[PDB]
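Presented below, as structure tokens, is a lone chain in the form solved without its partner chain.
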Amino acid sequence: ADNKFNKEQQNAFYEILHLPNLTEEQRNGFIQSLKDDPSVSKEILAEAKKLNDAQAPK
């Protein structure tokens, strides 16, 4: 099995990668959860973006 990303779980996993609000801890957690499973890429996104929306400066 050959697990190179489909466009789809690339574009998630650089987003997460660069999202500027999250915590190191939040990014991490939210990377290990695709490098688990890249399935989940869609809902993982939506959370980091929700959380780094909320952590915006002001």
Contents of the next structure:
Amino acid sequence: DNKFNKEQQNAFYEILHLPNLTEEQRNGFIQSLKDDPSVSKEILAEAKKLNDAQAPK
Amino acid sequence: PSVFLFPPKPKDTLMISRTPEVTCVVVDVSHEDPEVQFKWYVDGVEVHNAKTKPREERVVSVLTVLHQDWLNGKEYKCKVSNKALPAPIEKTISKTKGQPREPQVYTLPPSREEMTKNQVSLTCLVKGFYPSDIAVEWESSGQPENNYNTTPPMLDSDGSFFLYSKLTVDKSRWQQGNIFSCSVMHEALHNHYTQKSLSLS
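Please give the other form, namely the form solved in complex with its partner chain, since only the form solved without its partner chain has been shown so far.
Starting with the chain above, the whole complex follows.
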């Protein structure tokens, strides 16, 4: 929201560039970062988990 | 001069019978000049219904809030004055923003493996809820069952939250068909509460 959270920003950058996520999945995680910045670290882990699970078959 | 600010209990904000309150706590105060003055603000407008508990050897201030104001995302802020400290210290708290989502409540019976034991575990899975503010209780035939523990909410895959609640009961009570029920309280629930029962087939 208003103030600079380093983990929120870093999480946002990574999720933006995760190669295996769809558009809707990407928007969902980024929306969670906006709504709930205090759990940015856990949101990123869930995003990476989904990204790796959807790695090119 | 540390300044901490806590939200009301999830149950207090949801149940009209209960009284929700925001709490402004402080430690490391000057024994030199240990008076301290709180000035509260709701959405940027000053209120005066706050009460300061007697000091301790910790000075805490309690502001009572309207259930609906907290649930509608109003901002609360206490200004802490003190002559033995530079300028005042402002801190703000609010309910977590974001689209609320309804919890899914599932009761799970004890594993067949646990039946060898004297006491068995009654499990309640609560998932898919947002924000994380939630309350959980157990009861049996009207009366409260207090021998339970509920994990804090944990972030799930889809950004929502989940938790588990474990009620421990004597195997005897479970095996003679006693009815147990878990009640969950969340803003995205109808009437802010629901209950699910669990019993032997």
